[PDB]
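Student: Each chain is listed here by its residues.
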Amino acid sequence: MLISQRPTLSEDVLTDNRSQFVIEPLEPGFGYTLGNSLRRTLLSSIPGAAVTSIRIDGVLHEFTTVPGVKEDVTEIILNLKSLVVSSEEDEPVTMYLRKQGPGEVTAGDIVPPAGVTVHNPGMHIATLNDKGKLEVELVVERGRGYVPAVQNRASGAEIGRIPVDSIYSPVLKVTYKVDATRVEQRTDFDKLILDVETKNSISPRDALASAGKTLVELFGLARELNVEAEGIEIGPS
Amino acid sequence: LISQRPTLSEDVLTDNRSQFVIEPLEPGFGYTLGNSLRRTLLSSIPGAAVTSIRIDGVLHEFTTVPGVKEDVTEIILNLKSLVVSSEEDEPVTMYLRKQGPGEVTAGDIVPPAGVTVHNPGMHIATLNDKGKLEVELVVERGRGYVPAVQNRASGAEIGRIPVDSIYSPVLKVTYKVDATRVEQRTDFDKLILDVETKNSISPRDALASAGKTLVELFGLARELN
Amino acid sequence: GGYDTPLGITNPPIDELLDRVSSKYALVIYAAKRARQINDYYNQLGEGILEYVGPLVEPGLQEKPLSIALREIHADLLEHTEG
Amino acid sequence: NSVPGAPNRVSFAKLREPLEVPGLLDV
Amino acid sequence: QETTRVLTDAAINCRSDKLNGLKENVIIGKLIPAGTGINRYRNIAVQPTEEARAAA
Amino acid sequence: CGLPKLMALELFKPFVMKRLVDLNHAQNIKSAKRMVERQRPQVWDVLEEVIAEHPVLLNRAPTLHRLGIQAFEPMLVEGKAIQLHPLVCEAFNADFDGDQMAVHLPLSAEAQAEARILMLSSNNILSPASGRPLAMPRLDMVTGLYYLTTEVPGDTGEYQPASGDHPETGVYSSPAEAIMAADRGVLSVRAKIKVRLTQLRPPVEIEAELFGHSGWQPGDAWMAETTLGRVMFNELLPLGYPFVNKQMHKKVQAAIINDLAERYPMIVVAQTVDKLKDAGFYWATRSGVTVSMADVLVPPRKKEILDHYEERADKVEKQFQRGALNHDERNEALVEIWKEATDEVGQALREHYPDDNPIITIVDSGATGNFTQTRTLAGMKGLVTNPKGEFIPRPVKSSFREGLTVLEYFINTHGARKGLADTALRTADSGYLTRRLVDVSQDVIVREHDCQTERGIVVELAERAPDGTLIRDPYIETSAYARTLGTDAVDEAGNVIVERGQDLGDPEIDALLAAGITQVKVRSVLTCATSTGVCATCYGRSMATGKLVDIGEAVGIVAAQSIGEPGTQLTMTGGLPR
Amino acid sequence: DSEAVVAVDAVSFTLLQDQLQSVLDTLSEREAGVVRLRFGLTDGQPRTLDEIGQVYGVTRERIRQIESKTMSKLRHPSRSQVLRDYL
Amino acid sequence: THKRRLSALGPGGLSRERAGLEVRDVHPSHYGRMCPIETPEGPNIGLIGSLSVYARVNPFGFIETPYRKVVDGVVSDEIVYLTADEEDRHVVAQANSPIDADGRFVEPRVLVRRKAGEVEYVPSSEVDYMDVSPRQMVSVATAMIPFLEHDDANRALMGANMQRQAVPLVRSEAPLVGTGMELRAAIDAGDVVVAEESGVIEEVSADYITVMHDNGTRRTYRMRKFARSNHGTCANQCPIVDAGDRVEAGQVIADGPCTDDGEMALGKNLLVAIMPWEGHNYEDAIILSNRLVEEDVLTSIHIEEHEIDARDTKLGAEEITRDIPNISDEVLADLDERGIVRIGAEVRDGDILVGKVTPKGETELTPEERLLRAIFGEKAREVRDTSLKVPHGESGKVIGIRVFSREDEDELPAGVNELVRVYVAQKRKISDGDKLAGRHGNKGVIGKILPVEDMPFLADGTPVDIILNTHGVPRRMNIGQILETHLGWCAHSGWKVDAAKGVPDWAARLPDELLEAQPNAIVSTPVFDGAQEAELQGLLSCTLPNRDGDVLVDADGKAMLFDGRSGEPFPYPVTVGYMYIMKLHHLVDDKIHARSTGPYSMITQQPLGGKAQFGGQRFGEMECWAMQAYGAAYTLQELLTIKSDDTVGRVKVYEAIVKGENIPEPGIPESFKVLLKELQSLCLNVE
Ligand SMILES: [Mg+2]
Ligand SMILES: [Zn+2]
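Chains as they are written, first to last, in the entry's author numbering: chain F, 1 to 237; chain A, 2 to 226; chain H, 27 to 109; chain E, 30 to 56; chain S, 1227 to 1282; chain C, 441 to 1012, 1025 to 1030; chain D, 441 to 527; chain X, 450 to 1136.
It should be emphasised that the hints constitute simulated quantities derived from the structure, not laboratory data. No residue lacks a Cβ here, since even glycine has one placed at the ideal position from N, Cα and C. There's no promise every hint is true.
What the hints assert, rightly or not - Partial selection, computed: residues in chain X whose CB lies under 8 Å from chain S:
#1 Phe825
#2 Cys1073
#3 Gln1077
#4 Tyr1079
#5 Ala1081
#6 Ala1082
#7 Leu1085
#8 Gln1086
#9 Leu1089
#10 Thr1090
#11 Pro1113
#12 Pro1115
#13 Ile1117
#14 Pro1118
#15 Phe1121
#16 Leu1133
Unchecked claim - Computed list of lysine to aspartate or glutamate pairs in DMTMM-like fashion (alpha-carbon distance at most 20 Å, straight line):
#17 F/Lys81 with C/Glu608
#18 A/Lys131 with X/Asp691
#19 C/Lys445 with X/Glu843
#20 C/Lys779 with C/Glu888
#21 X/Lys897 with C/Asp539
#22 F/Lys131 with F/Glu104
#23 A/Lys191 with X/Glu1017
#24 X/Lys1108 with D/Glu469
#25 X/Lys1092 with D/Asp449
#26 C/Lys758 with X/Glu575
#27 C/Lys858 with X/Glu490
#28 A/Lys133 with X/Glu651
#29 F/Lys191 with A/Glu141
#30 C/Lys634 with F/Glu75
#31 E/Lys43 with X/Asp526
#32 X/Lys1040 with X/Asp881
Based on the sequences and whatever the hints tell you, model everything.
Tutor: Here's what the structure looks like:
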């Protein structure tokens, strides 16, 4: 049949990577059917890379004090966890961060091999007190969604390398709500209000477009059972 | 990452209910996927049902026909249970004549070309020696639930009785997921979806219409970039 | 300071409006007399002109004169004397 | 029980009461 | 209470009323002397600022 | 507030007639009136246009106090029932068992301005009587925030620092990462973690430790061992408010909203209360507070307790049967024995229950109810009163889970009916007393700003101990708060700590108690020197705003309503006749 | 009180008087004058053709001709739909 | 219950204001003669009561009560009717006492009732009278509450009071769990056609049943179809017997308004969860599914009655006809040639029902009306229209037309020639605002009607119907509804305990043929001798599955719901089951009420009061106190001058709103000038 009212999609722009969309008006149940689906698809369906396991020389079992540095080991672990890095190779590549002498390490002091790239060179990671030396070997790979600490199944390199989590998803915090526009002339329709905040890897409009593309290629399976079945056609743009 | 697009197989249990299994999926995703498909299936499938009836001897909804055991409102409450599938969008009419004693089932309704009544064993009303029933109906397309549209809203005569309408071919839909999610990060979800329809349309056609509606609406957020 | 955006009848905030009057009662008679002046301007635009000036801030599409008076008081564009 | 066209409504009662209910409109 | 007795001895003494409590002003429909009814607030003169008068 | 559109079309009929004459939809007001009566479909858009930003009044009889009439901005709602905001039910004393509310309509510009500024809903949060807030969370959202902010030892994803072969695996770099790890089935909301927060103000000790002067958290980073739930809760609160890290009992929420009302403007308090309502409902659904008869647990050793006190009652009855004591003495002995047995069964039931029982969570979170209702649910009912007021010495030895018997039900009915008739008589007497008080004190209004007297009453204000320590007097917040000092405050013939003419809020009272002074001479309306009403400095702070009272307020009717309103809850010469 | 003021017919009467004044002003001066003096629209006294021909200095038959001409002029849909909607 | 109702007011009795507080309480002589539960709960508590079940009135006017006499500890069957005095002369045993199936008790120390209303433990030889049964001290309407012994007295009062405000639905399904009082309370209420004599059915129809007795004679029972009750509800009567069946004396032959197959049926059976859902069921609000709106589960007929009469006047006589002055022919197409509408025409709010025109007389004409009539040529039409119009907020079809005429020689009051009555009926659905209640005082309006998709469905796709709230259960002490919910789920799904190793220990005192039951089977737990906790818990643990092997509800009575809105499961199991709820007579359409400007009073000039008219709300005394306490003087001046009494001001206010100007300044009210004229009339120079 016909939708009898074509919905729109308009993007409002907050601070640079915190856009906020509205979709209005929808058929009176159709807010929640696509709201939660879009939230989960924005979160756990976009590819991207992150750190997976690091290794610090000089640490053997204590995991608590690195000599010559000021900050804790766990501070370096979560500072490395909040490091945006994009890959192009679907296999585990390694990195290195080498610095001796007193001063302060930044994220731009790392050296990227071929294919990977860092999107915040002015990010603070560690400080070296006096005459210290930092030599940390990172492992960067890609995937989807959030994934916890993969345990030491390959226990051969387990003495040096310690595992962390991986925020593969380029979006961070997506929330949503519905509304109640035009209860009389349009008879209680819905207005979905999205809110997405990404990192600087992709703009949220492009994240929304990739999520919509994966969703429609997911529902193409359910569409391709009886192609000549009558649905609800919206019409043209 | 994994590189495997999900597939959809089909599994038949009876003639009017079947099972649909999708695998693999992302973790924490099969619940939302099945709920979106259920929310579409349970509300937005186009079908057909009766709209307004008109018995000859009556003038309104709160009377009785000479001869029948039930009354007019009980005949309305029985005829609201019919399941009927149409073919074209203009409102066709079907008749029902029955004379003398006996039980008037839904199989006695003579349909025009295009529509069909699916359960002829449905009881409508029962008659006696002096009873005479003569009633015409109006079948119409649509989707969802809609209350009885008033006689003043159209330009019909006094004999018309507007009935409520429920064009909804689906009957009962559930799902469940099978979260493997082992401690090796080869994780996925396997969603098993269940559809049961009221013998009007097949479950494959119901799921096809729901998938068409989702593919139409979810593509709105893609090509507006 | 920065709190949130208001909406509807609570715009402008009375916590900012009460920094321009003594008490709330003076604020009420202030806004009511300014709104009566604005409506007396509007219903005399058809005939010849008079001294009933206003509004000073730009009105909305279809905005009540009392809301325009409250926005004018929040813009610090009028003056008032008590009794 | 003691009314002929009654629906079979199975009871949970333990006490066998002697006296049936009187005529409700005798007052 | 005792509207007979209250009214008769007031009628003897020729007792005049002054209409200052907020009970009597409710009865005759006049503006009550509280809130926005006292003379500090009821006679506020409102005029636009002379700097902003020339702005339009 | 919601509005049934078929009623709002009837209220606003001249406005919509003028508006649909002005837009060319009818040639005069006669065709416009017939167009309204036939309900042509343009009148809905015209009705929305004339409804927008035009307040209405709402009213539920009986109007007990000043917050019984509150203005609202309408918006059109389908159906036929008035939709009411779920936070003003405490002010209206309205539940949804079939109560009706009247809607009036202000007309002139003065009436619209009065309803928009003075009588708005979001402007009246606090009491006019005591200053505590009336827009506080209640029955459901308190349970929601209690479940959201409580802390479970050893839940899924709890932080352990055990560092042998593997690190701690409890830390999280950001609340966004923690929200992802809880969306996946790893982190529970109530498990203890160590986030790295960059948007919430740390408490005073951590702020003075890490940054000293002003740790302005919009850029700063600091670690905190909390749950995810308390972080999600503290994100509802404003930026300048510090971190809390507590368990949101109802008194804790009362203290939070009181502090927010004291140190912030009103609009921030209104928005914070709306956010708290939304979070409280959304987590009240997921809390899992249901009621089953497998959840009403009985105490296991109830029967031996009842048998022991039954043997004591048997000895008392046998001693009466000997003739060694009269009727009233054995009645007193049986009353004492069964009171002891009731309290023993209540103690055993109190110590038998777990903490995650819904019937004890709803009680202990301060949502509703007390413990005696749970004792009468599972346990023992206890003594039941007579029609006169004596105690039946039997008593009821059953509970409503076990089901009563015929005589015990017949005994309970006496006290039930006495309570009902007491309720009717008490609300009639409270109405009469409110009428008398309003009729006396209606001519006490504020007239001047400062009468400039020197007399004043004295307050006790936290007398000391035999050890010498100044213990805080319990009745300070009713007696000494919100008052203006008539004389100065000197300590041990040293420095003057708080000068004359100050509001006596929290921190100066804390400073006086820290300096160690008790008696203070404060101003009050007993010693005011104006002839027509009181002055503004003698009355002190108006409780409804928090600032000084104005020069036109009618404080007499406010006082009379604040006295006569809670008289219905005065459940008794010690009651409302007292 | 069925003999009270309905309070919509009163403002309808005032609006009808204003529209009647505008419609009679859409005619000429002499035509509006003779119609107002014929029907007493300004003082409440219906004069006759003798008095109208006296105040204008012409025969009663000329006044009657002018009155019939104006009654034919007012009986137009364009001139009279706004007055038709008042009854 | 309107019969068998005992009051203390009226002529020859004490007034309400003079009612002593001691006469409202329950004396201990009320055991078996008056219900201590059922009474009105306004300012009439205890002044109005109802009779007990087994009670009886003496020839002198005192109230008798049966008792089982017992000699030497052997309980006999000689039933003796005692009054209060000779009840006090003896000592009275307990109903539920353990009798040895031989007449004798099993313990000497029995519960007993002494002379002055005391409760003791007498040895089992002084006992000379026993009760006949339980439920002797209870009324009829209170004896229809399952698990009454688990509820508090106030909520049982509210439940027994709200059980009779239920409305008759259109389908009237019998309750799953009930007592044994529905059948007798229905066939004694008189609203059920009972077969007078045993015989065989000859012919059924929708209008009459003719039976054939054993000896020749026949009798026909004329049904009542769509008869109006005293409060607008409907009174249908449908048969339940087929053509060739055989009936006996006293057998039910035709249902009534609220009956199903013989027994009472005041509501429907609905699946229910006890979770708090998103603040929509906050503070006793109820949310429902859309299935009840779709499938006519809670819908009822309502029949209203209008009336008009053509009197005679001085100037002539009013006539009933079609020739209505100044009314278009578009709205005159419904009614027939003689004025009244035809049967079947649907009317809206404000249409013409009976065309009636009155003579009016002669008046002077304004010059503008004269000029418009001269322009348009419409005539004078000296007769005035006072027709019969359907009032505001009503609609529906037209069932019947009853007309009395003077020329057909009926009895009428003096001067009336034609009386005509029109019956309009409508089919009211369920809606938000309408009031629902259970059988335990758990009332509450409908907060929201959700669609069928966003409603928390069960583990196999079944959506729930209503959603109650948890916080209203424990603090009101009425967990009888929780026991009714558990036993309703058991009675819906059907159970079968296992007698392989004998009967389990909890079901030892459980009677036979309840060890297994079919699904959708009815049961009856009586008032004070019903289900027990061990019986219900063990029966709830063995509750055979639905279609697949899926026990949807575990041993605690709960189930794992799914959130129909987001999609995730709820993390904790929720209590579900099958309750029995009723629709009450507090619908919104009888309550929603508004007024802009309508009819005014005559003596005073205030707007008239009442929903029957347009009607304005009373702005009382405490509301004036609140408006003074706010300080808003202008709103109070407006509310007391230009909305009530300023007779020259109301027209100016309406004119200023219509023309769009400022509201003018209020004048002196009419009440003050009336007071001034009275004081001047009473020889007091008020100046
Ligand atoms: Mg209530
Ligand atoms: Zn003073």
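Student: If a hint holds in the structure, say so; if it doesn't, say that too.
Tutor: Results of checking the hints against the structure:
{"no.": "1", "hint": "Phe825", "verdict": "violated (45 Å)"}
{"no.": "2", "hint": "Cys1073", "verdict": "holds (7 Å)"}
{"no.": "3", "hint": "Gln1077", "verdict": "holds (6 Å)"}
{"no.": "4", "hint": "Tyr1079", "verdict": "holds (7 Å)"}
{"no.": "5", "hint": "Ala1081", "verdict": "holds (6 Å)"}
{"no.": "6", "hint": "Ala1082", "verdict": "holds (4 Å)"}
{"no.": "7", "hint": "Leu1085", "verdict": "holds (7 Å)"}
{"no.": "8", "hint": "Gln1086", "verdict": "holds (6 Å)"}
{"no.": "9", "hint": "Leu1089", "verdict": "holds (6 Å)"}
{"no.": "10", "hint": "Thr1090", "verdict": "holds (5 Å)"}
{"no.": "11", "hint": "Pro1113", "verdict": "violated (14 Å)"}
{"no.": "12", "hint": "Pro1115", "verdict": "holds (7 Å)"}
{"no.": "13", "hint": "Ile1117", "verdict": "holds (6 Å)"}
{"no.": "14", "hint": "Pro1118", "verdict": "holds (5 Å)"}
{"no.": "15", "hint": "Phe1121", "verdict": "holds (5 Å)"}
{"no.": "16", "hint": "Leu1133", "verdict": "holds (5 Å)"}
{"no.": "17", "hint": "F/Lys81 with C/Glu608", "verdict": "holds (15 Å)"}
{"no.": "18", "hint": "A/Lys131 with X/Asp691", "verdict": "holds (16 Å)"}
{"no.": "19", "hint": "C/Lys445 with X/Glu843", "verdict": "holds (16 Å)"}
{"no.": "20", "hint": "C/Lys779 with C/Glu888", "verdict": "violated (58 Å)"}
{"no.": "21", "hint": "X/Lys897 with C/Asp539", "verdict": "holds (17 Å)"}
{"no.": "22", "hint": "F/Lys131 with F/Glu104", "verdict": "holds (12 Å)"}
{"no.": "23", "hint": "A/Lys191 with X/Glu1017", "verdict": "holds (15 Å)"}
{"no.": "24", "hint": "X/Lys1108 with D/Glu469", "verdict": "violated (29 Å)"}
{"no.": "25", "hint": "X/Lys1092 with D/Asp449", "verdict": "holds (18 Å)"}
{"no.": "26", "hint": "C/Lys758 with X/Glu575", "verdict": "holds (19 Å)"}
{"no.": "27", "hint": "C/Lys858 with X/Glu490", "verdict": "holds (12 Å)"}
{"no.": "28", "hint": "A/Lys133 with X/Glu651", "verdict": "holds (19 Å)"}
{"no.": "29", "hint": "F/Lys191 with A/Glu141", "verdict": "violated (31 Å)"}
{"no.": "30", "hint": "C/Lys634 with F/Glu75", "verdict": "holds (11 Å)"}
{"no.": "31", "hint": "E/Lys43 with X/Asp526", "verdict": "holds (18 Å)"}
{"no.": "32", "hint": "X/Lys1040 with X/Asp881", "verdict": "holds (13 Å)"}
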